[PDB]
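The complex appears here without one of its protein chains, the remainder shown in place.
Per-chain residue numbering starts at 1, and chain names A, B, C, D and E are given in the order in which the chains are listed.
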Amino acid sequence: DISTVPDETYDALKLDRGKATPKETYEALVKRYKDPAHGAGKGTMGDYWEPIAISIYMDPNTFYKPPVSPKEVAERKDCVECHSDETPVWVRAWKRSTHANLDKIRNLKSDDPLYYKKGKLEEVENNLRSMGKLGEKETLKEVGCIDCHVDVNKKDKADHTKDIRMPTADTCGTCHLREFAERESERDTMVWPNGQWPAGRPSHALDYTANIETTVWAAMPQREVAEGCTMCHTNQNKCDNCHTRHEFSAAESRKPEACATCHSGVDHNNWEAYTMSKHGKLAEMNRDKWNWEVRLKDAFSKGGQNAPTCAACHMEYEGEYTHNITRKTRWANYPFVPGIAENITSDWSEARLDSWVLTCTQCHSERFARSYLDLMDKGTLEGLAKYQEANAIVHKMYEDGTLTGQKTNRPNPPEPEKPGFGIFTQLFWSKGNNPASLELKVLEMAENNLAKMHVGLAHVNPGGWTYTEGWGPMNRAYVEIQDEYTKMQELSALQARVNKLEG
Amino acid sequence: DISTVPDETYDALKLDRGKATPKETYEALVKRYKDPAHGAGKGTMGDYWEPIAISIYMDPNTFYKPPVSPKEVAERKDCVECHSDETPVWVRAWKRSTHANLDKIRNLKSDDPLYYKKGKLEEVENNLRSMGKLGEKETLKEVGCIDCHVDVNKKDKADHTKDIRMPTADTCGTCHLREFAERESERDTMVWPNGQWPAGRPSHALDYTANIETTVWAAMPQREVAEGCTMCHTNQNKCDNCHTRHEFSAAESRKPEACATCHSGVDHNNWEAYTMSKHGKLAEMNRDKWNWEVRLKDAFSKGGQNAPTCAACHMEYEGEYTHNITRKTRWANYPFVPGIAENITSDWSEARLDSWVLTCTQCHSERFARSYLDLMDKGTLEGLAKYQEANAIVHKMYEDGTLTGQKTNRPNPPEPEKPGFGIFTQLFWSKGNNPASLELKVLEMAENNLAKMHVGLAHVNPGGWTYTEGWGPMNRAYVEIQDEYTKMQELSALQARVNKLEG
Amino acid sequence: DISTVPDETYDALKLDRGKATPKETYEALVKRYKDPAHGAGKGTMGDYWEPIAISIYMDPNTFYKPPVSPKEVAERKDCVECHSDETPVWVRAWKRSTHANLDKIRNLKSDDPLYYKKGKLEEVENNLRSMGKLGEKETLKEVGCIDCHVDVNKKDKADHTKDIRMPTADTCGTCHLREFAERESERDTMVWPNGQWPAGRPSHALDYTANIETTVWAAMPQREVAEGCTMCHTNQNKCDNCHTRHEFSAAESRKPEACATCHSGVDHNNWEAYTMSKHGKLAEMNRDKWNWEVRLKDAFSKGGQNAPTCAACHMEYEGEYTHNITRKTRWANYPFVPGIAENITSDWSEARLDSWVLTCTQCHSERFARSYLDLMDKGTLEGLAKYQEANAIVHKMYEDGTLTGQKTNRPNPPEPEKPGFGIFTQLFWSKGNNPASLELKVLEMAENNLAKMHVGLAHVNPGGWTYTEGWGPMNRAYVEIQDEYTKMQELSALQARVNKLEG
Amino acid sequence: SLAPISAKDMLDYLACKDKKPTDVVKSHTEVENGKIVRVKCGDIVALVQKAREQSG
Amino acid sequence: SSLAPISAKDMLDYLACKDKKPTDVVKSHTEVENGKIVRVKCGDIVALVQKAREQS
Partner (left out) sequence: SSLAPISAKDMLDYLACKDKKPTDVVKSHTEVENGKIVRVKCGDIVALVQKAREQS
């Protein structure tokens, strides 16, 4: 049993929590993880796109094969010796990692704040004994290159052209079944009441599935551009995006900078909003006063942390920190998604709002916590209403066919995408007057400005939803949409008088 | 007497410097501080807006009341115990704070660079005895929760439903009368010779007053959006915006990140400009080699600082560091304000220019310092002239009524705002063609781009006034204003020929 | 001989590597360095612009003269005594610098990682002995103010009104001949096979020459704005732009923040792209665990560095770290430059491509490194083709004369610039409809967005070439260009029917 | 599928919770004739309840 | 001398056809027509590149 895995995960896998062993639970997780019906593989549009060179690292279980050179066989020690000069830093980073110094975890005394790692080391060994990966009296010696890249606890030779693999999520889950089961639980915990989003999304467990199931990602010819989106959607495949290779430091993943590469940009400026907030600027001033090596449960007591981080706010749920970051999602970054705003007052959303207050009460009071969270919800609706008024203007022109070049020069999107109004495909593909300026401006007004507005509200950055981001740009988009609408109406009225003089 | 308080403060309070006691000086400051005629209260437009939930913390002296729950009575020690799990970090942060360890300051020897805190500790105790807060032989034990949130040095029980208050500036000023008088001195030192800004503004002493006296802040219905502006304008009400609660670290307030949350954005990118400068990047590389705990007067010698910070440049005036940051303002961030540019050559500005050179000569030479400050002045005027030419074009259309939808679809702004051209309200409110695209583009050209140009000049970021910010966007705005002006001229000439064929 | 200087430098200087002495090699470098034919002086357009106050510090060898005050004479120690209160931080920063503590380098044991500075200390003395600045056995005691600002190792009086100079690059090269020759070697290594850029450019050795040889920099009247560009182009003149004065810390120059002030902005966001990458965020998280004082060659082993930095990636070439940062340049940031894209498949580029892979294979594998570098090349071309399609639309209008105000209000650029289509001058100068909105939009589409796209590809920031920068804004530019082009066609068709009714 | 509700109506609904049907509150987004639009709570609550019955 | 100009769409089709037979057909990296990605025969793009290289 894993005490940090919700009931919905075992129920979806048809397993009983009490008697299920780590070997039995791991096989059930990998079965759904590698099932093409549950998001694995090239996806439903796999016949429209082909992998590139870097894709064997982005989705190893689908595209990766060992390199044809060199054609040598190696043991455990041969990995360290030859790669000490082929990838010297990869060896030096692994030597510093906890994976190479496991005896340093067994000798940890009870007074050391890092004593919790011994319990995980014994749990890792406990998971492997159930799977038959080591002797009942044998202790795990090290976590070497051959363990992750070939097979866990391998004792014989391995062929560099046949047995080398890229460690995917299931490869990490062989030892860290707890963290792998917590992440996979996002498929079962993130279920929207009215189907606003696909089941299990948005989540790190289905970010790659969402990426390949995006129509524009498979339709567009710019594979190198589309693969940039893939680089931010590799949490489902590999687990080195927060604790990077090959140090795999837990203290690194707890820092806010680990989430910055992905959760930042024009449609979700979580890094920009948090850092400019008081919470983030305090994290930059007090990162030398905090002990990042202690776990998130002990970060506020034994770590001396007084400002919240990304891992502290999102991996927390009812006082426990797990790799599931979906059990408190309410707005899902995009307020314009149908059903999101209407669901904000439901008991489903109100329960997760109460779960956030518990996170905020770690420092603030419940009165202060609910006072600002009320501002985030009402402020998000105020921005949404600003876009809805501007979208009504552009949508009226689309239905009237009065958009620029809508009936003259508006080519169809690349297959298998069907033409539409204000679709996500128009953000990464454009040809002729498809999309139009008004069509793209109102799309970005919601996709970018309204989204960054809520992010500024959710991450207490006052400028993030007022002057710089959010209400500022939304005001400009509203003004320019109103201006072009009045211009085109006057231009249409002027053109109507020319046809009158010709008739 | 407080030697760091100017004569204008005592003169405005009708007090004699020699005879004024700490009790009399505090009451005179609070009298003006809480006087609605001097900016306190809901302001002149308070009848147009109502507070929200978070407003009780943004303006406590006007809206805050204790919560109805819990209905418990507590002593001094009961504050720490019950909140150790209700607000655990607030208790754990306060214990780490100097406010909870006042005997730790008394054992500091004269050789320790932090000995000045003992003189302030005795000065704090000296001010409290003048107010009758404890016996002349009783020593101040600690600064606990009951001290700030109920009453200073309270010895009996306190009701959680009646005596709980949010510590405002006057609450902090009961003990720190020196820093409170220096901040309140901004009402008296910041007086513009030609009335370019209201008296005592811009300043941290009237930032909330300026916020509530902004017409759009009271007129707009999006209260959650407007209250975001309030979050950057709470220095007048509370004093935990630089040394945050509940650590209240002086070393934290000296760091540049403390000013980042407020002094950053599209209309005043001081954080972006300073950090990208050589001064800011040096502060990011050497923040581990500097002793931030030492005061600013000893920061360059005993603190090892070799690069300037926000507190070092702005809180310094004629060799002394005070909480008054207005005695060297000349441009006030917004170069387009009437009278600012024409006053830059006055003896009033030249005296403050010499005061800035005195700050620069601590590192650079006077020839080098004045060489770049002359570049800042002329560069700001060079940018200002760029906006003035573009503003003449859009303002020309406004008076002629030729703006898009000016006579057909231009609704009035929300009360009590009067309709105008390029007003600040049009940045946070828009409806129909009010404002127009050209009107908003030229408004942002001065409010945002021209302002960010001067900020880049004042904070040595070369790209901050050339390519990225300032001259770059101003060049684009000038081009697009000229392009639309020529287009609308061609459109008007074409429409005139249609009326000719119809007549 | 200097083993880190390429053969092309000695060949261009008419010197034999074996017999060339440190004095003889230095004199040959200064001859070309100060030759106006090789970029020194005010440049070819010096008759159109005049220096300002700060310009004497940007180009000292052309404009600087000592100040008329004070009229005092000083020895070596008199610089420290009088300036201890005139420039107190300058003295205190110099005291901690290695230049003032040379005996601290001699007493370093061989086991301390900073022993390499002793070899350079002896090499610095080795270069000075060849020039006859000190005895063959006399040791250099210190590097004081009189050494850099007057004459190296001066023992007699100096006039503050005649002998004071600004330490230029050649002044630093008198002692640091190795680093000065490596930087000056950029004139000889950076030679494009088809002349895509001028010989020796882009490089730190000719950044000031490129700055003053820009037509708009000399033609525009806003000298204070144009001098802002000079502040980013002073590597040719002085050598304190990475290791700043007066600490001159080598550890400071190795940090990524040293390149941020110049290599960041709308046309080359290298700082923004690197920091948001996984490489940069790791440098922000692990900068406290790394020993920045060790040299770049030992940074990955003796420094504990596990993430790449700007100095590590760009100053490395074939396993050696030199002040030449041009020997691996292929794209040169601006993909739209004629011949850059067509040369990416040549053996000249492929050789530098293998040199980049050698830098990455220090950590990643050759298969993984080449997998992403292929994405960088193809991803840059995908953006380049997007601009080429949009430029064909605006270029067609230019040849057709149908640009807005092209034939009515398009004044000539300031001398000596000739009017053209999409020229760099239109980025920093604009008047009337010169440039037009479409003309400026497509210019920035390549100059700003396409450049930032390649920077995001070269510095692994996925959002840097997809959503936020690059493909995102280029898509918007493509849409708005198509929108305005179709609009102007409809306006031309409407105007054509009006001319028909009048004829 | 959930019934669509405009964001201005969601804001007027939140301002009318725990309020009498005859109470009038100011809209959080709408401005007409230079004044913030006043919304009677009886109308906004009725508009929400007719949308709740079309949900599942 | 100066190198002959080649459009970026042609460079990508040339790069996509490396280590491929001239009769192989690949998808363009930038061109889309009639709702489909334009297919480029590798023999034609290599011929188009070599005919520009011989003019240098």
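Keep this in mind: contacts are C-beta pairs under 8 Å (C-beta built on N, C-alpha and C of every residue); 3 or more make two chains touch, one makes a residue touch a chain.
Within the full complex, the chain left out of the display contacts the shown chains B, C. For the chain missing from the display, the contacting residue among B:69, B:345, B:408 or B:492 is B:345, taking the whole complex into account.
Contact with the undisplayed chain is limited, among C:413, C:422 or C:473, to C:413.
Residue C:223 is the one among C:223, C:323 or C:476 that touches the chain not shown. Where chain B meets the omitted chain, the residues involved are 193-195, 338-339, 341-345, 377-378, 381-382, 384-386, 388. Think of the hidden chain as still there; on chain C it touches residues 50, 219-224, 411-415, 417, 429, 431.
Assume only the chains that are shown with their structure count from here on.
Touching chain B and chain E at once are the following chains: A, C.
Distance between chain centres (mean CA atoms), chain A to chain D: 35 Å. With touch defined as above, residues shared between interfaces to two or more other chains in chain C number as follows: 288, 378, 382, 491, 494, 498, 501. Shared interface positions of chain E, i.e. residues touching 2 or more other chains, are given as 29-30. Touching pairs of chains, sorted by label, consist of A-B, A-C, A-D, A-E, B-C, B-D, C-E.
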